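Chemist: The primary structure of each chain is shown beneath.
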Amino acid sequence: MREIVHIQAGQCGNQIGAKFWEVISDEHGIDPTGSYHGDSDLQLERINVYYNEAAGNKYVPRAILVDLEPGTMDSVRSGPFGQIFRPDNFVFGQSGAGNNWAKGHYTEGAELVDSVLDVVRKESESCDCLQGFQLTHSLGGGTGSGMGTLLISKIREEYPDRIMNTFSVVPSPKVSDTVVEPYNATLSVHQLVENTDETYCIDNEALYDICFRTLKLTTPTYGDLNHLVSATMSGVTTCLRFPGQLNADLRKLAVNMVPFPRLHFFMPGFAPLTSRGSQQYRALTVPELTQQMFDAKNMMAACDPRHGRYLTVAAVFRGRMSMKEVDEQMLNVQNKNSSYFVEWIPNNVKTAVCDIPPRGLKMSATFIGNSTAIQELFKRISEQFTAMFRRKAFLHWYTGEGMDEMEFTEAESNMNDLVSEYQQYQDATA
Amino acid sequence: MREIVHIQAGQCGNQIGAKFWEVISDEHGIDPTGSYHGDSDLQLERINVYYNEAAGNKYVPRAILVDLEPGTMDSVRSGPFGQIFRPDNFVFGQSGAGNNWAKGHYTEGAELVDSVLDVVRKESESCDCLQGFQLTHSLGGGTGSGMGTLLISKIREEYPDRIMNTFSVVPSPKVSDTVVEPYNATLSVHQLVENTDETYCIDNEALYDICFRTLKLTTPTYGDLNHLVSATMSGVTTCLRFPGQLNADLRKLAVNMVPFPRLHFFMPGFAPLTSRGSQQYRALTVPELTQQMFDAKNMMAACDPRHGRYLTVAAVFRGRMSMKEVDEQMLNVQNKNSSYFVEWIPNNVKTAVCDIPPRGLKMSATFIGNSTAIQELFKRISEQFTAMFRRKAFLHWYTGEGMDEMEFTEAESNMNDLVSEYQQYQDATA
Amino acid sequence: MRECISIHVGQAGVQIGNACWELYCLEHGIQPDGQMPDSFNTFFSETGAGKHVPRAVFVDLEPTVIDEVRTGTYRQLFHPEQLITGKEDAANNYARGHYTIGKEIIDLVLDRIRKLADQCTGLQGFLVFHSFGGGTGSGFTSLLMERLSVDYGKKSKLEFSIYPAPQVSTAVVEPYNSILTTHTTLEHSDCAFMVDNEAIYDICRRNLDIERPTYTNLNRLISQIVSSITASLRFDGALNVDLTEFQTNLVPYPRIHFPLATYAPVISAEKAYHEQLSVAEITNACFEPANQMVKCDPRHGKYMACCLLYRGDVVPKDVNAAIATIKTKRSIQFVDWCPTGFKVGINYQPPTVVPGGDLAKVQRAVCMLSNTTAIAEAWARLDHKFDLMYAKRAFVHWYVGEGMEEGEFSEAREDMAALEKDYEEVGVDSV
Amino acid sequence: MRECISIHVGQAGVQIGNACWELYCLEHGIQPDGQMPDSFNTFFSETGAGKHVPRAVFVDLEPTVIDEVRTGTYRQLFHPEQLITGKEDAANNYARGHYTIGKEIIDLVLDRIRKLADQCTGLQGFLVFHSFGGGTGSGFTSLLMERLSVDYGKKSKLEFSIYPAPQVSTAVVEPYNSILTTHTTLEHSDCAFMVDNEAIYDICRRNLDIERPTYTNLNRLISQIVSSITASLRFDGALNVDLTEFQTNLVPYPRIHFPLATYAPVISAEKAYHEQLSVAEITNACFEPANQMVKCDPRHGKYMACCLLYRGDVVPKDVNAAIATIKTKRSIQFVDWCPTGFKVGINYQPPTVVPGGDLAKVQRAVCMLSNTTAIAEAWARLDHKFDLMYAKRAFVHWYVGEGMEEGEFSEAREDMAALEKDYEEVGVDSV
Ligand SMILES: Nc1nc2c(ncn2[C@@H]2O[C@H](COP(=O)(O)OP(=O)(O)OP(=O)(O)O)[C@@H](O)[C@H]2O)c(=O)[nH]1
Ligand SMILES: Nc1nc2c(ncn2[C@@H]2O[C@H](COP(=O)(O)OP(=O)(O)OP(=O)(O)O)[C@@H](O)[C@H]2O)c(=O)[nH]1
Ligand SMILES: Nc1nc2c(ncn2[C@@H]2O[C@H](COP(=O)(O)OP(=O)(O)O)[C@@H](O)[C@H]2O)c(=O)[nH]1
Ligand SMILES: Nc1nc2c(ncn2[C@@H]2O[C@H](COP(=O)(O)OP(=O)(O)O)[C@@H](O)[C@H]2O)c(=O)[nH]1
Ligand SMILES: [Mg+2]
Ligand SMILES: [Mg+2]
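Chains as they are written, first to last, in the deposited numbering: chain B, 1 to 430; chain D, 1 to 430; chain A, 1 to 37, 47 to 440; chain C, 1 to 37, 47 to 440.
These aren't lab readings, by the way, just hints derived from the structure by calculation.
Be a bit skeptical, because a hint or two may be false.
[Claimed, not checked] Derived pair list, reagent style BS3-like, types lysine-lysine, alpha-carbon separation capped at 27 Å:
| no. | chain 1 | residue 1 | chain 2 | residue 2 |
| --- | --- | --- | --- | --- |
| 1 | D | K379 | D | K216 |
| 2 | C | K112 | C | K124 |
| 3 | C | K338 | B | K379 |
| 4 | D | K392 | A | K401 |
| 5 | C | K430 | B | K392 |
| 6 | A | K96 | B | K122 |
| 7 | C | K164 | B | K392 |
| 8 | A | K164 | A | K112 |
| 9 | B | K336 | A | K401 |
| 10 | D | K379 | A | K163 |
| 11 | A | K96 | A | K60 |
| 12 | A | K336 | D | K216 |
| 13 | D | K174 | A | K336 |
| 14 | B | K174 | C | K336 |
| 15 | A | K430 | D | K392 |
| 16 | B | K379 | A | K60 |
| 17 | D | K392 | A | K96 |
| 18 | C | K60 | C | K96 |
| 19 | B | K154 | A | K311 |
| 20 | D | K379 | A | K338 |
| 21 | D | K297 | D | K392 |
| 22 | B | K379 | B | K297 |
| 23 | A | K112 | A | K124 |
| 24 | B | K379 | C | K96 |
| 25 | A | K430 | A | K311 |
| 26 | A | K311 | D | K379 |
| 27 | A | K164 | D | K392 |
| 28 | A | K336 | B | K58 |
| 29 | D | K252 | D | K362 |
| 30 | D | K174 | A | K338 |
| 31 | A | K164 | A | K124 |
| 32 | B | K297 | C | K336 |
| 33 | D | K392 | A | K163 |
| 34 | C | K112 | B | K392 |
[To be verified] Under 8 Å between C-beta atoms, here's a sample of chain D residues computed to sit facing chain A:
| no. | residue |
| --- | --- |
| 35 | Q11 |
| 36 | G71 |
| 37 | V180 |
| 38 | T221 |
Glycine included, every Cβ here is placed at the ideal spot set by N, Cα and C.
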């Protein structure tokens, strides 16, 4: 009941999904053999959400992996959890997008999308009541931002009543790993605005800042960042898999967090982030978690929260703690920081509590913020896009795959309209 | 000859009737088994007044218990004298009036009334000369005020030549037990005035004072309060059940105590009330009893006798005592307190003497006063009725069961007219 | 002989009902297995030989809470067909919990209710537990209330709704849900008691000396209040009361049926030994301004009708004296048009101590149900929140996309304004 | 599944490939007997049992150089049919290498290329090693590029041409050949890296402290660069890259596809002990003006796109911090219209150490491919040298005697002038 199908697209998507399934299997006590070996039946009470039962007590993730190059698939297969995935789910092309969004949405993605959709239907119709889709992709790359966008459009066409969640990595402001990143980001968001129902923005610069300043790490590899993102996703989805005093749902979060259809970009956060050295010094308590969640520097998005009032804020606590302390902390946050919330929303905090904390932690909270500060990221992307597009830099690659200037102009206009709407709602008063 | 049936209506009615039958059985020496075990032969001389002989010398009271809820009946059925009553007499409903007079008089009472009247006729034919009907009543409630009034109208139609006596508990002045007590009281007295023949108004507030001020009780339960009322009821009819130097009768009481048809509300009183600690310090004598009966604080009604001249007063003494001493005391009372009696009545005191005192007492008396001071009690009810009626509070409950504003306006007219009559004779001069 | 039915809708309703049934089983001596090693007939049907079954229907669109109940310590108590679960939760969407999904479960719920009603006689009325904030507990409650009023017009319905706290809130669409459910249910319910989470938290901290109270203690307090309300139907005692008596006494006008529950003797064990807990002290505690179960200032509004449900060894003379002393208070201002302020109910059975509860054993206990006009402040506050959020059609497209028109919002707003105007009018003195 | 084909044309191209393949065999472990004592599937066909054969084609009009290969230590490795030889060198004459002799041999070469293409699956692209100054490296490569574009239009072509040195010269007709081939190859090759002999000489003498460099050391440096480019294919690592990604990131405009090459950690063993060789230090070296492998001043022109291909134990956080410092330098001038100009690629496999090479083992290594406007000076210099010789019509008769037309020389000059104009236009900043 209420099953979720997980889709991984792009190199970054697959890298995140590997750690995501690792941590999920850790929560439910599923060994890399694919057989349950845990010690709490509550894990199996709702294992149907992410897994399908098989012969000999075998369980397999309800995951679908998509790529245009076999390198990432081969790397995943050699991984510790490669065997639990059903090999029929591995769908991969040969040409590769090569960071070209047009190639990843019109030339290579078009040929491959049929198999992905067939596997999607096979997984979905095998469930009694589908809850929603979750997609892990990257905006910067080609394969990610093209194939994931096309797949989201197809699925929205096929499943209008369901909800699609994308944990998309946004380009970092100062550090950029690709030259066509603004083009890819704008082209992808042009459809992500109109198709998806809830999108979580992740910036690698903020993840590096969290790893270094807070976690006190010296050599943070992509494993740690992917682990943080996976922990965020697990905190988001934990309401379905376990009982709690206030059990939420994906649709519940969508209703509580999205005031208007086009404003569904969030900035997630994880509360108990402490280094190994400072484990003893900090007292683990609800006020401590609340203080960490609302920290300006503790947002996985590159935006500055102080530059814009939040519309709504959802905090999903985990573990056993008193509700009184939670609501008192939320009231204190809304009192002290009353200048950082919209006056036309009376109460801004959505609270969910679950009785199963993350493995190895007494208690934890997952932050979700619909802040207006993301207009800064959007306008930065738009400015980079305009700067590149004024002289038509790199446009011949896109036009060589059938694209045209009209689509670029339309996407830029849509992004500008989204920025204008965000600024308007940030400005307007009661 | 001269048999009296007993009817209990409402929760308060049944609670009072239980103790009434307990004290009657104690007087006649009848164990809860229903078998005679007393010593005095005179007890069985007139046992047919309240009882019917049966096989095996078993005696059962000529009592009928009516209710709209089974809660009170179960307590009575499980009480000390539950097996005394014949099970067929326990007529009860299911829905319950719920303090709604219309519900207890028009909807719930309409169904159950026919069964009760069938039992009434069945009990009446068992006798040869029916003396009159006796009803224990509560004005405040819905079942008592609603069903009890309806039952009175039916019986009066069936037996126009027989007397009906109601011992109705009148709402207290300060302490109120139900919000709609003024509504039920006014509606009930609208019919009790034109139907009943002798009514003994009793207020819980006055009973509490007697238990505290006189009996020096610290925890007066409802069992003790009902005992005082029960002793009064026994005293009234003791002239029928026993011989005496000057024997009265129920019909002989109505003639003396009712100057005019509209004026039959009485304030009963009990003479020998003394606390346990003061038993040895007070001399039991006729002047001692007479002083207590005319004591202002000794009236079981909340009214103040000093505020109104008596119309007629009947004192029913019990036990062996000289008629000379009794007559002299009454002359002194009418002489010393002549300002408290109407000048247009040459002689106000009716005296009844019975040879057998109550259980355990050397001698005792029962006071029954027809005082115009009760006008103050009625105008208080009218005042409470008017305030709640101008804003039509709680009227939707009564109108929902078939009542109308016409009934309420008619009821207040009857009450105000009755108050005018009392004030008329109070101001009347020879 | 006098049957009553309890219906728990939504997560809050289900958990409160679980606590209440635990309290009932402890009170009547019924083991969780259902075989106790009359009084029980008012709530439990003695189906089979030596087994009793509660007359309850648990409904929730999200199967999580009911599934937890099934695996809980009270597994073998409830009838398996009495627990009804949906597939997808209302997700705080009133339209989903009323139109889209409630239509798929209302038929089964009504079938179960009809089976229970045909299995009993002398049905007193219905008890419904739900939250004004969530989606299920609002939309499904309104749908069920409409259906029951259609099919059981002669019966009485009683609700225990979790009214949203003034400064504390959990769902962003709580004003929307509350306004919609009040508009839809104001014409069907006979009397709906309300409590606030913030007020109960304040009571727990101030009186119980508890600094980290969870939902368990709040639900236990609510269960104690419900048990005090229903005591007269389950135990004999002087001056018994019934639900119809509640409806008659506490509802001056058809649309003013929003009383506030209150439990007077709420003390901890460490503080019990220093207090006599006399009847007068208990009654004075029941009227303490900072002791209401709803975060409203009683001194800011006139009382209209307060019903007192005493328990344990209580002498009626003490009740009368305490009532007189309360009436002598100038601060406690009753409406001048209701001279008989109080409805008094007494019962012999004292309260029972929960084995794990934070409440100490008390020889006496009362519950106060007061229909006061101070609730207009809370109504105005929620109305203002609704007006602010709806002023720019925020969080509206969700309701629109689930088969609901915009004009229903305006109609509900107008109805709530009319209710506030009626409360203000009633407040006006009489000349 | 991602096979890539390398074609070596001309003496310089063949010799570079000879060192290049010596590097690949050492990397994967492939013995000279081609018997491995997966990853290698991207370059070597698993022909037979227990043997691997590289996907390479060697073509040279003069049979001398290839004859040395057949007599070399790598005789048994290559497929004997894959080594195609003529019978007369182009003699530095572009016409002979493209019109007269190139026609006789091109048909056989295309047969071999088609044979490999059918054998392989998921073909990535072509690697061509050739020289601008020579005739065989210029005339034949232009002919080969023209053919492949028609037959394999959907695949990318990558060249590694020996750009003529500014001061050092070997053939007197180097300006003629370079202009002719660039005009004929500008419309075919997707992206061609260029390296100068003179610049490598300075790097070899200064960093490596080599008194008397030879072509063996020079070609080994080139092998390290091409190894880094194909590293993301032959090995798996964080943030992998593909050849198609190179075309997208490094080619803003179709006619500007001439990026430089640079290898940062080039130090001797005697100096490796003292150097820290940190990620920040390595990245600083990659942008050193004297460390570019083309004799041009990077400071005399804007950067347009730079791709970094890290190798070894490199933490991406270190790359991000190092990149930020580079962008903050005032001297390092990027074009304003390109805000982000870095395409970062990382791999886990560190560089291997050639047994006879002068490079010491390094835990980390990067290769910088930068598309910069500095080459405008280089293009002008060769263009100027072309103009001086053609003004006297010197050496023209040799080309005319092999089917050329005099007007073709003007057209190549005209197109080359247009290319210089295009570089200047792009170098202008916006308004
Ligand atoms: N007092 C008390 N309140 C509770 C409890 N559980 C939930 N609530 C209240 O219920 C409100 C949310 O409504 P829910 O009942 O959870 O929502 P629902 O009826 O299940 O409908 P959905 O939104 O679809 O889940 C919260 O604001 C809480 O205040 C509880 O155990 N005790
Ligand atoms: N880096 C490097 N450059 C070389 C090497 N060998 C030759 N060159 C340069 O490449 C240029 C072209 O010479 P060739 O490759 O022999 O010319 P070709 O392609 O063989 O054509 P022919 O003149 O017919 O031999 C020469 O001027 C050399 O400077 C080498 O091994 N390494
Ligand atoms: N957090 C995280 N981000 C990654 C990882 N790998 C790649 N990325 C991001 O993904 C982007 C590269 O896009 P990519 O998916 O490889 O291109 P594509 O294959 O054509 O979709 C870069 O901007 C990286 O920031 C990873 O392991 N973790
Ligand atoms: N003296 C006395 N009065 C009672 C007793 N029980 C109830 N009453 C009175 O009866 C009133 C309640 O009305 P009730 O008869 O219970 O309502 P009903 O059942 O609908 O008729 C209260 O005002 C009480 O004062 C009792 O045991 N003794
Ligand atoms: Mg729910
Ligand atoms: Mg040669």
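Chemist: Is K174/D within 27 Å of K338/A, Cα to Cα?
Modeler: holds (14 Å)
Chemist: Holds or violated: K430/C and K392/B, Cα atoms, limit 27 Å.
Modeler: This hinted pair holds, its Cα atoms lying about 18 Å apart.
Chemist: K379/D and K216/D: Cα distance at most 27 Å?
Modeler: violated (31 Å)
Chemist: Sort out whether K96/C lies within 27 Å of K379/B, counting only the CA atoms.
Modeler: Violated, because 64 Å separates the two Cα atoms, which is more than 27 Å.
Chemist: With a cut-off of 8 Å, does the beta carbon of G71/D approach a beta carbon of chain A closely enough for the hint to hold?
Modeler: holds (5 Å)
Chemist: Taking 27 Å as the top limit, are the C-alpha atoms of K336/A and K58/B close enough?
Modeler: violated (72 Å)
Chemist: Would you mind confirming whether the straight-line C-alpha gap from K164/A to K392/D stays at or under 27 Å?
Modeler: holds (24 Å)
Chemist: Holds or violated: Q11/D as interface residue toward chain A, Cβ cutoff 8 Å?
Modeler: holds (7 Å)
Chemist: Verify the proposed pairing of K392/D with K96/A, using a straight-line Cα cut of 27 Å.
Modeler: Cα-Cα ~48 Å, so violated.
Chemist: With a cut-off of 27 Å on the C-alpha distance, tell me whether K96/A and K60/A pass.
Modeler: violated (31 Å)
Chemist: Hint check: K430/A vs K311/A, CA-CA at most 27 Å. Holds or violated?
Modeler: holds (15 Å)
Chemist: Has the given pair, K379/B with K297/B, been kept, meaning a C-alpha gap of at most 27 Å?
Modeler: It holds: about 21 Å lies between the C-alpha atoms, which stays within 27 Å.
Hint violations for this structure: numbers 1, 4, 10, 11, 16, 17, 18, 19, 21, 24, 28 and 34, all remaining hints satisfied.
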